[PDB]
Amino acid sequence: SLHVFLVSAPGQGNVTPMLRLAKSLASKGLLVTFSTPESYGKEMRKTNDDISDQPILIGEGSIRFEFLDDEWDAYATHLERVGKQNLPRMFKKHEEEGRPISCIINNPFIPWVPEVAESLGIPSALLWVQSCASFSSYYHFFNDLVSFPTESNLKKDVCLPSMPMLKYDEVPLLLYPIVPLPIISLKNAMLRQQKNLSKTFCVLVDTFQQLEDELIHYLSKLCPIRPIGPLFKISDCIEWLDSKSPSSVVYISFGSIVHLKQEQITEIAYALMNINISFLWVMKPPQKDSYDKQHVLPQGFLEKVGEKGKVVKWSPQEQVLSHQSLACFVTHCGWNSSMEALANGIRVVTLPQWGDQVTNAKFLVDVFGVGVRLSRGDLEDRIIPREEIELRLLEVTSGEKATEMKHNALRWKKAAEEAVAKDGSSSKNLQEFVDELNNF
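Show me the structure of that chain alone, the form solved in complex with ligand UPG.
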């Protein structure tokens, strides 16, 4: 019935939640138009045959794919410029066909979208694609409410409300003073998103109330949040895994962006060879425009390790992480992977790299209690050697608190599944958002 337009920044980290939310809304019986820049839509339309220029009927609703014309930080202003003109182009064609948009939902890395929305008098909504503690970090940074590291004091602790104390290198690294050249682009977009929050009536977050309970209430009277996660639940690999014994495979994957250093890759392989543990390891091939090059393994690696180890280029990570044969998840602690691990009951080994990964790894290890810390990310600037890698793999699988960390994980999978059930907090939140879309 209701035409709700969704628009994502390019990239797995942003498209996966927007699309997951799109499927949620369509299931709730709405016309949902997902939109992403064409240069990126090109790459998911080649790999997908059901991204097929018809609505995919979901529940009582449907999902049409109207990619914004990319005409393609130099890119950031280009996407803004092109987009601020071509977006209303799409809201005229749509309106003048009897189906006009009643809400635009964007993610932070296109923070100008709310402006365009309010320019046309369309209500603007924000899908936050990180944790509520990541939101709270940015909100308090932008509004200058709590003290943060400065060039004058690069190592300052930070005390945010209803959060553990974070060390200088546990707050999302986009807020760190020492920021490389391109990293400034995303920094401003996050801060630009904090600015336009005034122009937004609802902030949706892929978290569940039990996971970040006290922070969500604190923000409910400051900058209210709507937890509607885990979105992925609300909305050769397997057979090989089907042939292992339960709780025995080390699964390793660092998402679609992180490309570790060769030296770091080598210490992981020797680590896995040494302790002779079963593993599934995603080693992402690079972009064919070099930039950074394909990794290599030790010689005879695959043949020394044998049936115990398996290297793939990409993985059905949702299917993998629900698999009883997994023992742990060496993760870069992206939020989409952190939520997948939490809602599947998987213990983690944290190797965060940049952005909010350091925060999420702080929480998984010290707050959520579901894993072991392996590294501290980019400000640490240290090749984690094979011996501590072997060390954390034994702590998380057979150490003293291994079963305790397992129990913790199970209870978070229990609590994640309550929230997504028909009457749970997140299902209710999501319906009350649908309840508010209609009423206005």
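Positions refer to the first chain, counted from 1. Heads up, when I say rigid core I mean the largest set of C-alphas that superpose within 1.5 Å between the two forms. First, how it differs from the form solved without ligand UPG.
- Just one residue from the list 410, 383, 394, 56 crosses the 2 Å line for C-alpha shift between these two forms on a rigid core fit, and it is 56.
- Superposition of the core reveals a Cα shift of 2 Å or more for residue 95 between these two forms.
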Second form
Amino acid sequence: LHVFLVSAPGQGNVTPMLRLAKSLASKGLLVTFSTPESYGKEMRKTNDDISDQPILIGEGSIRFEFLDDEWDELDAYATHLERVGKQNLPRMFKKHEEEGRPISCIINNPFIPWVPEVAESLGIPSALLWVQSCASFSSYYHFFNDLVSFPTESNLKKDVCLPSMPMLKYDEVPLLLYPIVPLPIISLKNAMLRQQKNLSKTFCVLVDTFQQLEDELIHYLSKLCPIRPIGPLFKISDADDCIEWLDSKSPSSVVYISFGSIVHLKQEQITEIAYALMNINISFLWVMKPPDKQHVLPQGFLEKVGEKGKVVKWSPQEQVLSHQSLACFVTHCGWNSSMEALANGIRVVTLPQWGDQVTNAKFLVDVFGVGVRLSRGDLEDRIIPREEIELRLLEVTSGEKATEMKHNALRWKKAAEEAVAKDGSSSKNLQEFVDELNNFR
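For comparison with the form solved in complex with ligand UPG, produce the structure of the form solved without ligand UPG.
Single chain only below; no partners, no other molecules.
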């Protein structure tokens, strides 16, 4: 069968889709991957084996057919892209009809929510790849459908009681739904809400989580909405100095610090982390991506810290997280990174910034039981002073509850491995998706 996975541009939407693609191909399908060509050429330079002809995976194949951007020159770009996509996609699609390749399904992610309008037009089924938590999905669903009270301009600090979810404070709901947002991400709140509008065009929502993580909610949510938990995707389908340096340390001794490829902190926040690390003489591996302007450390930092500390510009993070030397993971709590902590059994120190990170942070600490809270996200707008950073790091590594949180972390590691086992929840869900596609045939 032929499925067509078009993703909005940008790292955090293209990579989760590719992971899905590689796994649908491994089950024999013919998976075409599309993205805006303006993002495609940059995809061509960084990675090879993508500028070419099909790539073979298992009994399946993956091809790339980048949507013609006609963009050579964000809210201006979102408009342009939608009109050009709605004009180009259908003949791209029929070129496969002419050539004997009738497309059996179209999968998008929520940051091109007009795609299912296309799929309805040309009679091709539409599926949605949701890359955030299921709490995040339920939040948007209950917001768009006005099913539960959320904070408003008139009551900005209101609490939110979603079903089969803990109470969320006003600043714990995903920030795209909070009323006071910058104009840049009004265009992101718009896309989310359009996707909830176009959910009625969509027959299946594939969620990058696993049943046991959000079990009671997925059972509630699935009666209203067609959710299939299929994650974590990074587990399903896949700096020597980093791992070499890590092998030299004792087990459960390195504080790992990484805020993913997008989050740049304020310099003042960087300075308080650095002095905290220095003050408590902990081992640490700190990823400081260079751009924004490039951070600077305290004078003599590298020297004073010594063999305990190591700052890198890039990390093999999936390899780093599985390493036994890690004592904990200071993280921005993006969903993929939160799952990566869970799957690998490592405690978190939550420093959420924007978006769903404030929701993931709450769940990491107060639901999943795998770490401590260091900040509350962008609406706090306070620099987390060194004293508190030192406090949480000792809490997460030697405090009264530190081995309790290690225990929860390992039980979630265990549960994540079962979801993707041959007979696990997520493997089954992805098979039944593939089944429904065949029974469309």
